[PDB]
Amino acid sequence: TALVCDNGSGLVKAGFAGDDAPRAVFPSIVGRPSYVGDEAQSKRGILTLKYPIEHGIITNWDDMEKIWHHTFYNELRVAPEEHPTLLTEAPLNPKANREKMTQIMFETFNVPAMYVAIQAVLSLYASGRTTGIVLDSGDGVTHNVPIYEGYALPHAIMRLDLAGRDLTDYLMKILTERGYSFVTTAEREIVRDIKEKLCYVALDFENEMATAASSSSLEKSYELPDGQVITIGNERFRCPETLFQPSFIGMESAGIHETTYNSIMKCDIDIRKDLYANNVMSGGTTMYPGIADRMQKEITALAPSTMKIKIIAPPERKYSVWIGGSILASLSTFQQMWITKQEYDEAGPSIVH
């Protein structure tokens, strides 16, 4: 059985091709007083943590190996030399980076075969399409990736360094401004939970602010680990509003609607209608209730007055990259695409592109 390993900036998602979900989901962290993932989390108080995947790109290769070794031996309990292994990489991952990933897989782990797929392309596949534009928003990075018949269009790809971890930090900030105190790393973990549980994207931000200001209809309660119950009001929607107004955290970037539009505008005029009609959301930071409807409204306002816009937001989009890899690796038509160890031994580094 082939393995699928989706290396995220915050979370590793890993499992077996043919399964409908990753068997293992754990943090992409390595800790020293070494420990990986959950074992590093459970010893948080005495460890210093490193994140080898920085904004989607692998930057610390020694620690990345530790993550991969942990994935195979501790999480999946497999010998890597026995399984073809599909790995994922960020949009615009440098060629040398991909080559190094490949070298480690073949030379350190001795995999019999491998393949490296672009994350957003796999999410597109998981939605049953080969043409469209993906918004992939994760923990450390957000990308817009337009794709034509399987090919990610590199000149049109946009990277935004605003994602899940920034939204968490911003919710800590504004909850504290309300009169709580969320500051410490343990308090960050609590706020991350509040974010995932109680936040949403308002269809109209100014209206939603007025509603919250006049009544308590939008309020929710939340029980802290120690039992103290607290109240979340307009923070519920001001937090993910940041995606649409990066100025909220002092960033000058256009918001996710405008970056989607700008990305489409960099593509060949003749494919743009297909992109607008096939906008797919993916990644954990696209999970906010209300996001698909807000994106529909926002892109309609930017796009030619006639254009047909469609947002696709799968329920399982926090795992759609992984799912796409699971589908792909299961196709009989894909089996000729694996890069084998024999092939790499002869052809060398070059073969992976």
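For clarity, a rigid core is taken as the largest C-alpha set superposing within 1.5 Å between two forms. Residue numbers count along the first chain shown, from 1. Residues that one form lacks are left out of the comparison. What changes on going to the form deposited with the partner chain bound:
- Once the core is superposed between these two forms, every option in 55, 69, 297, 44 stays below 2 Å in C-alpha shift except 44.
- Once the rigid core is aligned, the segment that moves between these two forms, defined as three or more consecutive common residues whose C-alpha shifts all reach 2 Å, runs 41-47 and is the only one.
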The other form holds:
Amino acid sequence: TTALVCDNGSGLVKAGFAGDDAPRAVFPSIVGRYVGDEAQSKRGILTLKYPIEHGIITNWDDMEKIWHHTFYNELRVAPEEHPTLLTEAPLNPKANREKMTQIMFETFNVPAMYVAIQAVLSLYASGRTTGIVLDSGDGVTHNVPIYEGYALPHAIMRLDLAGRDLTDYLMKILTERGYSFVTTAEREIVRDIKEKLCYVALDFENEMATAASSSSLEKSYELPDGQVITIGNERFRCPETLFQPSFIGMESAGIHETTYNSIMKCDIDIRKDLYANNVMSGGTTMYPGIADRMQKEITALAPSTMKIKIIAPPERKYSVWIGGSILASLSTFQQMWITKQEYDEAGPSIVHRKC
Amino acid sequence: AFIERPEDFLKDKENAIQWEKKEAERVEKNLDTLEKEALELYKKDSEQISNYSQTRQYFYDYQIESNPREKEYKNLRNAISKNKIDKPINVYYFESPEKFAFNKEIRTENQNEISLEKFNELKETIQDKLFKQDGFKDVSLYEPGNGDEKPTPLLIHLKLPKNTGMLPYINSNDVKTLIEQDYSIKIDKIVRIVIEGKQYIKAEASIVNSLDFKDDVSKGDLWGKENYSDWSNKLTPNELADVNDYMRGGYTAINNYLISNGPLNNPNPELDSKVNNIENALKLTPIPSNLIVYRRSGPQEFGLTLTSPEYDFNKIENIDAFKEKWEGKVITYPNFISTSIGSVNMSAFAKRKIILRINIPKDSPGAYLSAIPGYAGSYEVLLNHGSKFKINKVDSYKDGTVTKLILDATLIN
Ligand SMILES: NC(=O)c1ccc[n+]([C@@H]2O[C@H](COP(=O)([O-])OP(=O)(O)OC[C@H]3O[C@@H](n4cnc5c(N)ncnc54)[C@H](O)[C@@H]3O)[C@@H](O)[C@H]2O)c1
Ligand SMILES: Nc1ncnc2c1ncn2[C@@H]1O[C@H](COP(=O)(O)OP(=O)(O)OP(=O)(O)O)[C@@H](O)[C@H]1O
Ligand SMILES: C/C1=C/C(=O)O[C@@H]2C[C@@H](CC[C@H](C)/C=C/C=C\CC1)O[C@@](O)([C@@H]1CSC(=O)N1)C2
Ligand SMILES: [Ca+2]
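Right, the form deposited without the partner chain is done, so what does the form deposited with the partner chain bound look like?
The complete assembly is shown below, putting the previous chain first.
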């Protein structure tokens, strides 16, 4: 009776019930070869494996295990008893969404389901149907411009640069400082340092002079064994990578430039609406200073008369999930569910007609 | 003069000029006001207008679209392509030897002779190469002679086929001929001649046409889908499985296996089988026309990294060093290699500085991958593992403040 909302990410699954204001369960998107924190409790005879890569499901057997674990272990429900809303990346291939649909109906025997675009859900969580979304997670970042509830596929930008790359970069530059962060467990520690101490500088070259000249930017962090370490310019060099991907050897546009490129690929008539509704979602948009920095970078690229607004809600770590919870619980959405009967009548390709 | 023009006016300057004068007068009747305007602007700003016509296609789609220089480029190109010759004609023009990757003087302008030394060096340099040409160019219907202007020691004598666009026009006292280059040049033969007391190299040249979509990625995508829709449905389940695995990111493992020479010293039957299937997929529907593709290379393909001092092509010394190392050389990729039918810059490789511009002979192994639903935004042509490319010529251009390189290359296997 109550619908399920399962937001499947490269790093984390966020799962819960439509109508709740937060996911009941958030757990790592890993299998052992065991799922989640079980997959690493016995990671000996086994190795941690991520089935979703850069936002796309790449292993269907492993993903079935993730979804198994979601229904039975995390939410403690029967799939046969709950319509289930799944999320997907922008530009998810059509064969992927067909395969998600097949698995839901033929493996899990759900009474109904639906597949929603993550960026559209996050926009909707703030009550908008028009805007440009920067969605940045553990594995992938997108710019998705949306006009009156429709994602605009020809203007979507994708960068394979996100939180896990930032973590790995932080391990490296901390190691160059004189520490040693290299193992899988140390990678978890540095993710934690990243999530607690990093920020985006408003003026990067300025910030690098300051730090070189004072201890004013230094912060301390206590390791699990009680060793306390110091972190300095690494705090802001780490997420600076989003704006300067050459920091990790990438020759792609940074997130400010992809946001501008995306807007420039849209019809000229709607660009002002996009500039006025830049919305951020996902864990990798949580850095203090990121909204101000994006404001400054986009101001430099755009016409001098352009009114630019960056919207970054405190909840934006879960705004895809929240959007799914709102959507799945709307009166006017109920006609949109794909029922098991519709699946029987029409193939997996029923997803394309209903979404 | 005869009633019908010759294919080559040779030294008959008086008839060439008169004929082209009548031709300029006839074509005036087919150009609308905007095209005539385009011609007038070209007369006034030819160098910059030609320069734009050579490198316009390498920027972001939206940067190209909003450049006001597009209007002149489009309107002039239309004026030219309209007026198609109905049988071949030979033309004459001087080039810098640098244009054909001879980066030194054949002789100085004050010298009258060319050494056998230089002659043979030039021959070895421009032999067995297909040189890509772009942009607007003024040519002569007659061979320059006593009292004609001759800016370099290299005269090109080019044969242009039927249906070549040529725009005859008058610029004050002079009768001219405009073309837009859109082909590759083969130099069939060079000879040393004498004009007005000085030795010149005369290059006997012909053209090779290729499909080059440049920034028109929609036209290129239509062509690709046109030719590879049933290739998509003719693969064995094994081949489709392995191609999709490759495309889905399996490429990194497969290609590293290949580059590290895994088949030799660390065989892996599972990977070998995939390599074979992908190759067989690429031989299933060979590239059905001569085609130009574009690849934005990582610096590691040319033995550089992001922080290599030698990757700063804003310094001419680094361009020279790159040319000395790579220009005229053949390079091999043990890996399968991705290219696009489009020349436009993209977000994912916006800052890459080395562009490969590759001529693919008809019937080469290859496939328009983007004919498979799922990820067609690449406009991708996958080339076979172990491909060899001859680097014919290295050009450079500015992308904002950043100097980037265009490597004119040819697939030779
Ligand atoms: N680069 C392009 O112009 C282009 C064109 C079409 C599609 N794509 C798409 O982008 C992705 C492929 O990206 P890519 O082609 O930039 O990655 P790639 O796999 O070709 O390159 C990965 C890295 O390895 C290097 N490399 C590749 N071959 C090498 C060799 N033989 N020796 C030394 N170094 C070598 C590259 O410089 C790069 O640093 C695919 O999804 C593909 O469909 C890229
Ligand atoms: N406060 C924070 N500051 C910086 N990064 C954070 C913060 N909180 C979480 N992250 C990072 O965000 C990522 C997880 O976010 P999210 O759950 O949105 O990604 P995902 O959906 O698993 O991945 P993707 O959307 O790329 O498929 C991790 O890399 C995590 O370290
Ligand atoms: C609090 C937390 C947040 C998180 O996002 O974890 C996700 C998932 C995690 C799986 C590996 C181990 C089992 C994690 C176990 C338990 C809980 C999740 C940890 O791999 C990440 O850590 C990677 C590596 S480091 C980084 O930047 N992304 C992202
Ligand atoms: Ca996500």
